[PDB]
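Inspection log for the structure reproduced underneath, given as structure tokens.
All protein chains but one are shown at their positions in the complex.
In order of appearance the chains are A, B and C, and numbering begins at 1 in each one.
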Amino acid sequence: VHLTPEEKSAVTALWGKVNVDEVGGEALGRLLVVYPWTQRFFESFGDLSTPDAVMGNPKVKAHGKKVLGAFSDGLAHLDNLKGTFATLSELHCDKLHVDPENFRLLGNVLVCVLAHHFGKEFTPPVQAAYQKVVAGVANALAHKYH
Amino acid sequence: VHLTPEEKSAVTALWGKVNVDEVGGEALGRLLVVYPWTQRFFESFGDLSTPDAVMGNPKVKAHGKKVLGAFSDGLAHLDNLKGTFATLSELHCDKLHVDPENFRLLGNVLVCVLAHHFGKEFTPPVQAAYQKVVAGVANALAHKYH
Amino acid sequence: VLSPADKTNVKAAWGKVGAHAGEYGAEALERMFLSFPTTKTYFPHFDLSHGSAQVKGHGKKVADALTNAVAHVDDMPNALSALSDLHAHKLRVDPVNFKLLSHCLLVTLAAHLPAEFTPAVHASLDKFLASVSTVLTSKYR
Partner (left out) sequence: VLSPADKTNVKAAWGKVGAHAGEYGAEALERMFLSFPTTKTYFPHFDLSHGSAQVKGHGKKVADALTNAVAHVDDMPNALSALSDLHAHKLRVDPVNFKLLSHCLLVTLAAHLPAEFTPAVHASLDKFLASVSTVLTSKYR
């Protein structure tokens, strides 16, 4: 991921303020509500029929934290996204059968969530850096597909 | 790009049989007919009001040959598409103002034309290797955009 | 929107496909799984090896739904209502994949009907397949 040092410092700066638990839940929940077809992977999560059902589902919330924990771990290895996510790539491909376009949608929803939480602090330049990061993470997760 | 040796040799073998004059003219003209908005870059070529006009257009044909000539020279440098097309990327961004999404369209059109020309010989495996090349070229042409 | 000329172009082109529709659907699918391996995520239950029977059988179904569309070109939403429901509420295929199958159908047609795949015809078929895709993703949300 071609990220300038100032891009990289902006990302890490903001990320230190993130409550990953809560942000992971909001991002995954919003994915399922705005793009309802993504619900096809989570039928074992129970009730996903309305917005409150999705957003407050404890299983969505717990899974959200698992996703963002892995994402965080990625921000600590920005120069080697592909190796960091290799096993997660294989798994999403060979076992879970998830179309990688889903990783792109999630990235964009995460960007909306950050903007939602941080307001003016999510400046255009900071957004532009995060857009590179989410694309890099999506490309890394897609890389082992075959 | 990540091209398999059998993939590399499939591409090369087929390209040895391509009539660049015919194929170049056909690819560029079809782009202009199938996606009429791409005509915005070629106002100075003349009449483009109809397919026959576009396909008959001598500037279109001449320019199509030049494009495939450049493409032709990229296939001899498949391990360094980026360096090979750097100045061309710069020119397409800084002087011509061409949205790179157009590079993807030309690519898919190119594949359709190779199919039309070679029929049976353009098998699913040969197609797959050519889709990789075409994306590679598009990506290399977009790389110096800023 | 499909123009009168597009409709004529597609009808003509599809007409020549005739009894080969089945084989061409299968071929387009194979071309799709190979060129764009992400599309295989939607068929983990299929044997996807070359010439398998699931793909052959599935090719026919796809090709037949397209024949139906051509015949009902002026009333696509109604003719394809059930398939739209299927793709939107059960299968839930990401919309981006429709473009990939469409291209592969175009390449299959270009490979089999050299005389008929003129530029105007190429343009009409691309519009037609796009129109079909819009309808099929129309009820997603």
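The rule is simple: contacts are C-beta pairs under 8 Å (C-beta built on N, C-alpha and C of every residue); 3 or more make two chains touch, one makes a residue touch a chain.
On the side of subunit A, the interface with the absent chain consists of residues 29-30, 33-34, 51, 54-55, 108, 111-113, 115-116, 118-120, 122, 124-125, 127-128, 131, using the contact rule stated above. Touching residues on subunit C toward the chain that is not drawn are 1, 123, 127, 141.
In the full complex, subunit B makes contact with the omitted chain through residues 34-40, 93, 97-102, 142, 145-146.
In this section, only the chains that are shown with their structure count from here on.
Computed from the mean C-alpha positions, the centre of subunit A lies at a distance of 33 Å from the centre of subunit C.
The geometric centre of subunit B is 24 Å away from that of subunit C, both derived from CA atoms.
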